[PDB]
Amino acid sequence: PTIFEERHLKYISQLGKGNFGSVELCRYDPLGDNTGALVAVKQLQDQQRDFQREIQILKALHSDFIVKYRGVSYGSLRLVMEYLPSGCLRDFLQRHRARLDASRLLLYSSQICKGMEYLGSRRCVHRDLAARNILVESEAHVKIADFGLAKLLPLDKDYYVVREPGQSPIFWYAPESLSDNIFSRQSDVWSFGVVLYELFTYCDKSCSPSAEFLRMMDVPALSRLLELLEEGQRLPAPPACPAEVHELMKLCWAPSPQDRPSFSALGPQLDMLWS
């Protein structure tokens, strides 16, 4: 059931890209009559090693808040996952902003936090937590996706040091990630603070992390952002944001990783704000 034959996967369209790969919508149609199930299929476009690691990570994750691994097709050639037609949260928020209230945003925040608490329990660092990497199962259910940059922490080391600087938009990176290429479950907490900001602005482009940080900012942009952050400057409270939600973002944005709340400490606080 977890082995998908290449010849039966029928290409339909492109779903997206990210981290030198692509996601396609395919029908797994062994009958050849267009009645088979729709699946989301990820493939590559040393890269093979990081793709194999991603598959092994996702295959061992079992959560209502993490995108479901279905299987693999060999040539490992492709990663097969459940298809979520509503797509990424970032685009969903922009389209349905006039229908989703603060209660719904708090529900999504709590579900992402629960998925992140579970990833941390698995010693998994996501490294790319952003609304563009969160999928919408339904109007009341979100799931974390894209484990392309994810790392498993060894048993005796609670952080990870990357050899070369990242290729992701710099606006979600923690100061220790921007300065020393250090990543941990605490830098995932920083990124979650940016996710909370994204939810509460409904991913509005005009006040996005990139537009707002550029606005606030011969020195490179990365060094200028680090300077901004080291001074204690932070993204402003989104328009109409409840005061308590903004206070949580600021806690996620503590200068030192050790002072940031844990996902287990954040969870009951978001659950309390939701109700």
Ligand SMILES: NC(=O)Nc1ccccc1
The other form holds:
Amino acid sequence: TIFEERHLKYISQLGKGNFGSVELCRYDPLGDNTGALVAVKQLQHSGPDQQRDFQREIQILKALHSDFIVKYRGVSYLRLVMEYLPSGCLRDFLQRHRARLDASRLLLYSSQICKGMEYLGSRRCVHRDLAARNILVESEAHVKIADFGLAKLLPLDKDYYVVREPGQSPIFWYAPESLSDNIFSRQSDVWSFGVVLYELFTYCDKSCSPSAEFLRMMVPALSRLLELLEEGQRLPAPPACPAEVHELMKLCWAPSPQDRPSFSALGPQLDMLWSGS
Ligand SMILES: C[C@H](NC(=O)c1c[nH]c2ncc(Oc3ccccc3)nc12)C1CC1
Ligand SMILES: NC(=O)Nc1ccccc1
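Starting from the form solved without this ligand shown above, please give the structure in the form deposited with this ligand bound.
In what comes next, the whole complex appears, and the chain from above leads the way.
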């Protein structure tokens, strides 16, 4: 649980985002290159607000225990040590392996992500950055939610959270209430899950990505996106998308957070489709 810094050997950068970076390191206390590989998050550079956020992220991740959430391994004193999943993120894995991954498998990943989100919700955790680029692949048939850099715990007496600064993530995964009023909730994570189902079923192809679709659907982009959403415009069904999968996405994109299903209602539905595919 406590890793000594001198034993963590730097290999490469894995990714970066919201003021943090994740490195691939070997935890190599013998110094002979035989130790296990780990992913180590740290701030990219120092700053006291980032620091306080980072401490909370660590406390959140340490207290999450799910097969569908990336595993906390410990800390180094300033760094968060996590399991390293060499297949990397689901966005990349989908683009590389599309020819091999059928509808059944995408429904399997969808069910696993839903089940991880159901668990997060039970912990009063709003993830706030759900997207295929932040889901990791453990094996061919197992994914895990990662990137808790923006995650918040809801107080016991309130089911939403208002953020003060504007968001910094690609705008096409945010719910309308987040776009307009910086409100985030478990039901805003359901909106984002609908976009994740869209990514899965397009295999993260860049030409039909959420972003590419907006510049086709056509004043600042954020205001334009909100007007398009208020008018009831949505991303079109992915090529060859099963009808029932598309209906589920549209339900996740109900205008009113209270009309979106919960992850507990979504889960059984995905399983039934997975069993019926
Ligand atoms: C960069 C962040 N990654 C993590 O926090 C990771 C924690 N363990 C990992 N194992 C492999 C892996 O592989 C990669 C490599 C490149 C891009 C994404 C994941 N990334 C991570 C973010 C995805 C959640
Ligand atoms: N959720 C949803 O349908 N979002 C959207 C719509 C148009 C363009 C980009 C994203």
